[PDB]
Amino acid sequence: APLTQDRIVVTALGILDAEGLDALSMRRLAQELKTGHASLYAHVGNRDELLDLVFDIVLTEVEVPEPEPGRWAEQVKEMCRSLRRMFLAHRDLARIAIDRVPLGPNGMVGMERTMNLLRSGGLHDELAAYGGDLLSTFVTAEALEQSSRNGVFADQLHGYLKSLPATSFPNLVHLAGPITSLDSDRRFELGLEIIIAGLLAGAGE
């Protein structure tokens, strides 16, 4: 097999999947591929450059539906859920993403389709452009937080808040559970609805 960018990225993604981001060093990479450092660099560049490629390669997993009449909110949700699923299937991938702009080949194609869908809901240019950005940021941040629970810290945070003097901190005592605790699924759906409802509001008539 000739060394290629795509072979390097497949191998890199496999290490990441089975061992996590910290295990993906260029030294480890070169060693797995049975190649030298110079070849590695020539094909993918430095570590951050390689991670840009590994991010783009997994974006094929995100499906943006073709717009349908009267289904805009559900379809935008379906797209955000597809992005969530991508992160949940690749450990530490949200760590790579939380940082980056999805402008590689698959990212471009996906952004074109995303913007098609968003504009189709009647969103003005700035709203469609910024709303795609906000939704992507939201999804990535939530996936990162879920991955961060994969304990008791959140539980000690609960006891602390619950035992505050209720006369001085009535809201923190009362909301002690929701503030510390929320299920990943429920917070994702809540945040997704909030952003979608607010985009619709901005769209107006």
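Residue numbers count along the first chain shown, from 1. For clarity, a rigid core is taken as the largest C-alpha set superposing within 1.5 Å between two forms. Compared with the form deposited in another entry:
- For the residue set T60, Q31, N171, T137, core-aligned C-alpha shifts between these two forms reach 2 angstroms or more at a single site, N171.
- Once both forms are fitted on their rigid core, the CA atom of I15 lies less than 2 Å apart between these two forms.
- Core-superposed comparison between these two forms: the CA of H158 exceeds or equals a 2 Å shift.
- Core-aligned CA deviation for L182 between these two forms: 2 Å or greater.
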The other form holds:
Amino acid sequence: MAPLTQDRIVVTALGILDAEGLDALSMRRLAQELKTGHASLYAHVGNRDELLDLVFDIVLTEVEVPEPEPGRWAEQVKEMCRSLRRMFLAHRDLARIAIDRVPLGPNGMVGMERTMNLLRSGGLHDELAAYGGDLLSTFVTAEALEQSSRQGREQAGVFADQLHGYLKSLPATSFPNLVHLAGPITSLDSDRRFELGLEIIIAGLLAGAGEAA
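Having displayed the form deposited in one PDB entry, please output the structure of the form deposited in another entry.
Here we give the lone chain, stripped of any partners or molecules.
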């Protein structure tokens, strides 16, 4: 062991995790890479759970919640989200982690704070700015999973196409809509589906917002 810290340990874990995925991450695996005994490891970071939280928190430094600006709101919200997504893309299995874990931690609440600022900044009231953030982050995760599981795109490529084949060759009299919509369902264009989900939620917010009429 060289000078071990709760940061060199984490930067190490993540290293393995990109490389090889969630299940290859174990305590014994980790302590191996770093050239140390279980003592030093369990000291800074604990069992496997705690470790994933620390892993989660550190990569978060990557996202950016911009400071509120004169009439850029909608875009400033898209920026923010599109930023968070770019994060999930680089790092294997990170979304899997996110589903059953608290959005807590240094980065975790320096992040909520700036998320709440910007939203409330849209002339949005309490309950709606609170929940709103939940829904966005919820929205962007799900998406990131969806993409997570898409050679590369050859297995998905043909599956999608064989799905697209069955749909159109379905009978028209009993299935007018699905015959009509075989593309827009099987479309494996995540980029544009993503900008859509955003357009929608956001307008749902703005509309939600100034309801006081």
